[PDB]
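Novice: Spelled out from the first residue to the last, the chains are:
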Amino acid sequence: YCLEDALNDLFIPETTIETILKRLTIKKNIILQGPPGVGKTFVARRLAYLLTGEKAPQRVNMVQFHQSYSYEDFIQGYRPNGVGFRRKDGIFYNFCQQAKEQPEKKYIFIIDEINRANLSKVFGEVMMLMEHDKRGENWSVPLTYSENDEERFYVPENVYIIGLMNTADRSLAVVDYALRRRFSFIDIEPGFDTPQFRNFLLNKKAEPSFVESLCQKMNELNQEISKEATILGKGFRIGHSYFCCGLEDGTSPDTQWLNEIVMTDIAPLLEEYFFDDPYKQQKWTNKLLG
Amino acid sequence: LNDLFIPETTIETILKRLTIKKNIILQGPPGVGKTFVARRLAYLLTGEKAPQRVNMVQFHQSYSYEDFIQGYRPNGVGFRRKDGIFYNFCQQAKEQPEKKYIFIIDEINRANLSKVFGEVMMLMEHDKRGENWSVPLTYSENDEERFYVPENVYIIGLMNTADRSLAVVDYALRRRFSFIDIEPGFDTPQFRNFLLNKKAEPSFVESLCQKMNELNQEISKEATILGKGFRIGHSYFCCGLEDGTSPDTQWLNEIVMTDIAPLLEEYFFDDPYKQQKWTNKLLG
Amino acid sequence: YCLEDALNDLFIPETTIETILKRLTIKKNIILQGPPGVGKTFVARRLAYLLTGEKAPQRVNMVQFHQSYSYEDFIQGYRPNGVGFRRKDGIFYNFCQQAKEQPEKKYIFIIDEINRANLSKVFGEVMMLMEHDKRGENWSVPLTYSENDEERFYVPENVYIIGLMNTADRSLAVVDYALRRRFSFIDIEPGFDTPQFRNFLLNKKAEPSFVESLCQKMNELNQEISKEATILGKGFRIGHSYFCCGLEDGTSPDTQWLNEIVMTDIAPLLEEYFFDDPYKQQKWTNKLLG
Amino acid sequence: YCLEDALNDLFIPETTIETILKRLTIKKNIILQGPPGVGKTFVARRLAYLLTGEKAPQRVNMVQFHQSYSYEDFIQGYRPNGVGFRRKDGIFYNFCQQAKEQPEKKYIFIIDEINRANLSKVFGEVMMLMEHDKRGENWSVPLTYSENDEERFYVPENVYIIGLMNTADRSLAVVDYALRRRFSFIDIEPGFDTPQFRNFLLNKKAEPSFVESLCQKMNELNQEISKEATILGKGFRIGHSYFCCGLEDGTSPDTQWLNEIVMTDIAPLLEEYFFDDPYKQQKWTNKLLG
Amino acid sequence: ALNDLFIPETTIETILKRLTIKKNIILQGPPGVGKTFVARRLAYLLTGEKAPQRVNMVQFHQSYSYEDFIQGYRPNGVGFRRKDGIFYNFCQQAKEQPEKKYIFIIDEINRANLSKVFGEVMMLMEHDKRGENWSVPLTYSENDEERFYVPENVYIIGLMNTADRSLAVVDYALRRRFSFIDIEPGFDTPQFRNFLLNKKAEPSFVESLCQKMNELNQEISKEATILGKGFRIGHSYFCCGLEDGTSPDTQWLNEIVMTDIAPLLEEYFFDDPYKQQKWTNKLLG
Amino acid sequence: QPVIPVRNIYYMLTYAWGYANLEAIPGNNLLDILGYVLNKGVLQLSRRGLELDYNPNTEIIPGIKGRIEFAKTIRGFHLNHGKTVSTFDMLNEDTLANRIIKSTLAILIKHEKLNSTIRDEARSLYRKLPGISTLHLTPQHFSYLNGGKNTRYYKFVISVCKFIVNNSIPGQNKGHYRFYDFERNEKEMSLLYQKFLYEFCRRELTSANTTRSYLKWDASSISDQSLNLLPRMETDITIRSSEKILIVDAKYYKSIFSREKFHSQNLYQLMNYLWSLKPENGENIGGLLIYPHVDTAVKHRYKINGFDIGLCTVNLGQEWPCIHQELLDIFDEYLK
Ligand SMILES: Nc1nc2c(ncn2[C@@H]2O[C@H](COP(=O)(O)OP(=O)(O)NP(=O)(O)O)[C@@H](O)[C@H]2O)c(=O)[nH]1
Ligand SMILES: Nc1nc2c(ncn2[C@@H]2O[C@H](COP(=O)(O)OP(=O)(O)NP(=O)(O)O)[C@@H](O)[C@H]2O)c(=O)[nH]1
Ligand SMILES: Nc1nc2c(ncn2[C@@H]2O[C@H](COP(=O)(O)OP(=O)(O)NP(=O)(O)O)[C@@H](O)[C@H]2O)c(=O)[nH]1
Ligand SMILES: Nc1nc2c(ncn2[C@@H]2O[C@H](COP(=O)(O)OP(=O)(O)O)[C@@H](O)[C@H]2O)c(=O)[nH]1
Ligand SMILES: Nc1nc2c(ncn2[C@@H]2O[C@H](COP(=O)(O)OP(=O)(O)O)[C@@H](O)[C@H]2O)c(=O)[nH]1
Ligand SMILES: [Mg+2]
Ligand SMILES: [Mg+2]
Ligand SMILES: [Mg+2]
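As given, the protein sequences belong to chains Z, U, D, F, Y and H, one line each in that order. Take the first sequence: its position 27, counted from the start at 1, is 194 in full-length UniProt numbering, and no numbers get skipped. Take the second sequence: its position 280, counted from the start at 1, is 453 in full-length UniProt numbering, and no numbers get skipped. Take the third sequence: its position 108, counted from the start at 1, is 275 in full-length UniProt numbering, and no numbers get skipped. Take the fourth sequence: its position 27, counted from the start at 1, is 194 in full-length UniProt numbering, and no numbers get skipped. Take the fifth sequence: its position 32, counted from the start at 1, is 204 in full-length UniProt numbering, and no numbers get skipped. If you count by full-length UniProt numbering, then the sixth sequence holds residues 3 to 21, 28 to 267, 272 to 348, one letter each, in order.
Chain Z with its partners taken away, still in its complex shape:
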């Protein structure tokens, strides 16, 4: 795989990706935080093939956390084979065994919606091990379910961790500050005001006037949201994904097309962001239409 293969369709600036790859090679653990709809899940699979340099899914494992996810499933735990229970090497443990086999090649573990599951309980022993300076046999630790002290588990040096955490929910946040230190936090923006976003639209036979009107509209709307940081921070701001998909057939993005999507998706979304002000709902919606 190569870098420019990714950048063709990617709306994120190159500076961010180089910023991302610079940290990740150093820190070995990163968190991409932004609102939904900016390609977090999209980039993460791409970035892995860049970092490895080869399009190998075998070396990549991609998982989505949720409430009913535990250390027993993730790392190690006792589970029923049948009549008799057995100790089950979890998925992350299995991934680490594979990466050991090929120390040269980078192996990458991608966790979507990380903020949901109780990370302290899930990672546990890993919470110390995962740090860039603490990887290797020197800091090897025996596990909970290890038969004896001799059995010890150490993260390989090659391992890189990428986490995707939406900023839409303040309820679910990485408040565990000790965990925050391990991860290098990389903000990601909606990225309306980019050429690559604009060129994709023009590539789909789109009006340059309508496009420049669109970017100015959303940028102003997003700015209104970020202002009221008490109520809604920048983390809530709308992403570009609503506009991206749905044009695969070849439908031109006319003003009528914009009018439909606003009615179905953004309009009720604005109701939630602005529950108290109905006037504010009509104002921004009609601004797009007018």
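Fair warning: there could be bad hints in the mix.
Said to hold, decoys possible - Here are the simulated PhoX-like cross-link-like pairs (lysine-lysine), alpha carbons at most 20 Å apart as the crow flies:
no.	chain 1	residue 1	chain 2	residue 2
1	Y	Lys301	Y	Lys384
2	H	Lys157	H	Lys170
3	D	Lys401	F	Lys447
4	Y	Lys401	H	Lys182
5	Z	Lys401	D	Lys447
6	F	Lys450	H	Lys182
7	F	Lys255	H	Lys80
8	Y	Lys450	H	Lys182
9	H	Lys203	F	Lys447
10	H	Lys91	Y	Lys288
11	Z	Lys447	Z	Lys394
12	F	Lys288	H	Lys80
13	F	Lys255	D	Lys255
14	H	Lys224	F	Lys454
15	Z	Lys447	H	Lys48
16	Y	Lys272	Y	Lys288
17	Z	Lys447	U	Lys394
18	Y	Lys267	Y	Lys301
The hints are simulated quantities; they were obtained by calculation from the structure and are not laboratory data.
On the provided structure of chain Z, position chains U, D, F, Y and H with the ligands as indicated by the hints.
Specialist: Okay, now just chains U, D, F, Y and H with the ligands, sitting in the frame of chain Z:
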């Protein structure tokens, strides 16, 4: 497409939205035939009235990921990994890619949607359907075995808007789901024509819509407490008249105390006078 | 092994280290409380080699508590065998038997992130026996899952226990005051003001003015944290670990590098820390950048 | 087993120990209720030897309760073999049977940290028999796990039960109902303003005035704690055991030795106590240092 | 059966009109109203054949769970077997007899979590979704060969009570699927008066009692919040003790007030004994 | 019978708790203001999302969830009927912080004197919290929450809930509640005022350093060095700057509200604070007595015993910003 009380435009909107987006939420108060819409609609997209393709479930506060997708549960001998319905259902559609298999989820609001769906909360998106986006599940014994939504799957969500929960708001799930409101449709001819084809009086149908709508406007009057999501549905009138009893004021009066009166109590709680007032307005 | 080797690179004052051994050797159970990034994990491996006087791993055991450790895991519990359950001696019981195998040479048990687990549930009988006075065969006790035939378990005198409780998570704080008396609590400071931190940078190709400004700003910032106590207490103040790492290749410290640190990691930390006004965030970020 | 050896070293008044012996012979179910560091565990070992009049381990048994403790271990229960289930006589069941052999000789059972475990889960059926009046073969009962109704278990009159409970936690504000009826609570004072504690300190090369200044501050400080009931009750007050320890070398008490204890035990202890008012910590901590 | 019931005949007509169409119903009233006896006579009334076999009754509690109700795994002599519950076995009994109406009685329904017990079935019991088309595989139905469907013939009556002020608003699950009916104590009704004149009660003694209980029942229901209409006393205490062989009399009433009404009055108010002493004495005379 | 306008009091509570438009609401009385803040305040939170704290659950279920506890599993023989005792983390909003809100809202609804619009809106909210369990609130519950794990916003409304609970009294009916006449009693209003300044001064007077200072008597006694019987003396506030120090004693009196004799009993405390206080820098020592007045504000200066002391008043009920201006204007003069 004949007995539906909803405009043809709304269903016309829905089918394009459903085919395009592949996931939708039909949100409205109880008694608007949300279930009948989806059940009717599901057969349309298939093109044939096939019930085996369509599966319906009713979420509730205790519903869990153990039931839906995967889970460890006991066989006769002991515990095993038990493939949940949706995993079984997607496998069923995986068997036949060409035909369209549908999944209906009622009372969706009650359960903590993030908790139940979990892994598929990403995968369900129309773009991320296929082997490329597959992921290993939580309880998967081996990392290599993964789960992916097929392209044929379409999901329809039926939500009661009368119990808003200020517990968890998720705007990310809202990205997957394109939300569609449904009005009760008293004014619509299709509801009126049905009753006039049941030996109703022309004025009585006209009298009913004026009476009920005044209540709905009062309900939608106070946006903070109540809304269009709370307002009364029509389905109560549909049922009970196919025996052969044509509409009459007494038939309405039966429904009023039977059905509407608790709803009013719930909505206009701790205000009996408003209940007696609005109840009595309808009888005249 | 000796103090000169250990204290060669450590940024902690000598004051604590002898104070630690003064408290440790008399009391034998301690807790090192400080925010993350002050070398709590870092020193603890080094301290173990001092007391034994040698660099031996066998006499040392290292673990982390992840809110799922239990008495069944720590001390005595039942595990599935092939068809049926068996009794397994936990790691601590396994460790103590080795520790009393030879009393002369000291044995250390290291428990990272001790604050998390419900320690009363984990230790059970041991919470009494751990204390220095109540050690040896005199205070021998039979365990819960011990055999009906009388067999008793006593903490040997040689054992010393070290705990590493971070001070960030307030909820995860010891309110089992009966247990907080068993341990002696040693505060560890961030370590900016100390020269041994400063000297490390200057040795690694750093300007003193840029260095002294950096420490000057951080200590001002940390006092603002120390000023508040409602949410952000004294303990929350930033550690020195962020600046320690990432310079091994030869990258000299400069405002560009400092700008990378501040934008990437700390600036997210501050907005989570304050989450009331961005201006307080914009102020202090710009101060560090300035 | 002479009182002179027993009671001279002890700090507690001879008034309270005699009353303890009165109710203990009378009622045989006793609870010593005081904060940690007042010698609850220390007295209990001595009192048993007092009542027996002899130093015998077999007649005296000691245990600490915790959440994992259950009926199945305490009294009777089934432990799995490799496949099969074998019944196992528990401690108290095994212990009383010894006391049955020698009904004349007094037997003692000591339960430390009793509040941590629910008594009902452990004792269960036996809480009826454990009571002082309903003992002896007249009130005998067959056990839950007994093969037949014939086998019966009755608490012999000779056994006396001691339970050591600490008034240091908010959970114990709602005292368990089972304890109040069947046990007789006794309050253990902190006992700074005591002759023997002072005489102990003077014996270890301590200035008299320095001792009196110390006690007044602790006695004054403990009064401050006792005044509140909402966050810190009277039971929260400091015990007399921080100062006992650490003088076995012969090092004299002084501000230097005192400073170690305050900073490493009592200073952070106050931080946990007086979170709302950090100044209150500085107000008291500096007061003690002076 | 009709005449023996003490409630207005009009309400009796109202209920079957609801149940036949709605197929799910819940009765909420004070304790001591004969809610169990009501449903039984009503259950036999709907069938018309007075068969107890058709009727089965269960009383819910918080421990009550899906394994007891529907299906679960129970220990064998060695190992364990799947053990069919009440409702699973009950419905298949009615499956043979489609025409024949079969009834299920759920007492103290509000205590338990309806969702937890029913599980899957909570939708299938809603009348719109009934019969073979709406089949669902059960949680423990390991194979896909067999599915559980509640047939149309089933009718479900629930006995709930408004006694306790601790109870908050009813669970939302119930409201959707159930029609709420409030049952009056029925003192005023002639059928209760003819049940005491049939026992040679004095009309003054009868007329006084009807006014007397109403006088308390009016006062207890006057309170808006703590004590509502649901609190007011029912008539069941008066039945048991009269047709056994003992005639009505003022002293017969006097014993009953001490027996049930006097402590019950304490529980409801539980604030002023003088208020209790006033009313308890007032009841006697 | 003059008292402060009620809307102004709420601002003083705000600084007291250490952390919006009140012009719109038409109910002058306090509970109308306070409920509208809470009732509106909760709506702000739910928009961002309420706190969900992982409560671990040890329960008997028909299957494996999370970690099975082998001991309780075998001893209770739950394996045989296909069940295990397993530990897992249900995610609820049933936390103590959130439970407190719902219980307080019930009290708010039950209150006899309340605006109808306010009561109606809350009843919706009470319905909107199905999972959360109502509770009978005590300060001991509030005591446990001093840890302050919750966010900064939660702490604001919780303090509000503290005010309501303590200031709730049953009225006409057994169920209903009636609000305390807070303004009338001087002690709590005075104790509010003393706290109001201390947190206020830290905010605005960034130039100066503000801390409450404990003071020790110059006395020595042959009987007892402790002098425990002597009155405890802790300043209301001290606002120290490099050029000049200043001690303030502020209290709320009813007599002073009438525009005659003057109630200045607190002054007797003040000089003794000056005496026990000894400055190392020796820049200066100054004192201030400040009281609340309704109509107008008057400032005086005095030179009493070698000390420069000011007596001053503030016209509460004027306007909140002009009051805020007046306070900064006042301290600026004396801080010199
Ligand atoms: N074609 C194209 N699509 C993009 C680009 N950026 C984002 N998207 C699209 O937006 C959709 C979602 O990507 P995703 O990473 O899952 O967004 P997200 O923020 O993670 N969503 P969520 O947080 O809800 O999981 C996909 O259609 C993705 O391809 C882009 O640069 N080009
Ligand atoms: N070279 C060097 N590194 C130090 C020094 N002090 C701390 N560090 C570094 O800072 C990083 C973290 O130290 P660590 O012991 O893990 O801090 P911690 O308190 O244990 N972390 P946590 O609280 O999150 O568990 C490591 O890179 C560690 O080596 C020091 O004095 N010299
Ligand atoms: N020499 C001497 N030591 C005492 C005296 N009282 C307490 N101690 C010492 O205090 C230390 C701890 O006493 P202990 O009984 O364990 O307190 P505790 O109540 O059991 N602690 P906890 O409540 O935490 O379990 C021991 O060294 C004990 O001997 C005393 O009167 N004389
Ligand atoms: N003809 C016709 N029947 C309807 C319509 N809406 C509902 N019904 C019938 O009303 C009954 C109950 O519908 P249901 O799904 O339970 O109500 P909902 O789920 O709250 O929307 C079924 O017989 C529906 O088919 C409608 O719009 N037209
Ligand atoms: N004969 C007759 N008995 C009645 C009537 N109503 C109630 N009862 C009697 O009252 C008793 C049942 O009362 P009930 O309230 O259900 O008892 P509870 O469940 O404990 O509250 C039985 O003796 C019933 O026969 C009635 O109308 N006629
Ligand atoms: Mg995504
Ligand atoms: Mg660490
Ligand atoms: Mg003890």
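Novice: For the pair supplied as a hint, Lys447(Z) and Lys48(H), confirm whether the alpha-carbon distance does not exceed 20 Å.
Specialist: Holds. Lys447(Z) to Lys48(H) sits at ~18 Å (cutoff 20 Å).
Novice: Compare the distance between the alpha carbons of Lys288(F) and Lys80(H) with 20 Å, and conclude whether the hinted pair is satisfied.
Specialist: It holds: about 12 Å lies between the C-alpha atoms, which stays within 20 Å.
Novice: Given the hinted pair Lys91(H) and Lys288(Y), is their Cα-Cα distance within 20 Å?
Specialist: holds (15 Å)
Novice: Does the structure keep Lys450(Y) and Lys182(H) at a Cα separation of 20 Å or less?
Specialist: holds (18 Å)
Novice: Starting from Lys272(Y), check that the Cα of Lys288(Y) is at most 20 Å away, please.
Specialist: The given pair, whose Cα atoms are some 29 Å apart, is violated under the 20 Å limit.
Novice: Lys157(H) and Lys170(H) were given as a pair; does the straight-line alpha-carbon distance stay at or below 20 Å?
Specialist: holds (17 Å)
Novice: Regarding the pair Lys224(H) and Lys454(F), is the alpha-carbon distance no greater than 20 Å?
Specialist: It holds: about 11 Å lies between the C-alpha atoms, which stays within 20 Å.
Novice: Checking one constraint from the list: CA of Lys447(Z) to CA of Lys394(Z), max 20 Å. Satisfied?
Specialist: Holds, at about 15 Å.
Novice: CA of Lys203(H) to CA of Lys447(F), is that 20 Å or under?
Specialist: holds (16 Å)
Novice: For the pair supplied as a hint, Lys447(Z) and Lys394(U), is the alpha-carbon distance within the 20 Å limit?
Specialist: Cα-Cα ~18 Å, so holds.
Novice: Given the hint that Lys401(Y) pairs with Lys182(H), does the C-alpha gap stay at or below 20 Å?
Specialist: holds (17 Å)
Novice: Can you confirm whether the C-alpha distance between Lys255(F) and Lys80(H) stays at or below 20 Å?
Specialist: Holds: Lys255(F) and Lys80(H) sit about 16 Å apart, inside 20 Å.
Hints 1, 6 and 16 from the list above are not met by this structure, while the remaining hints are.
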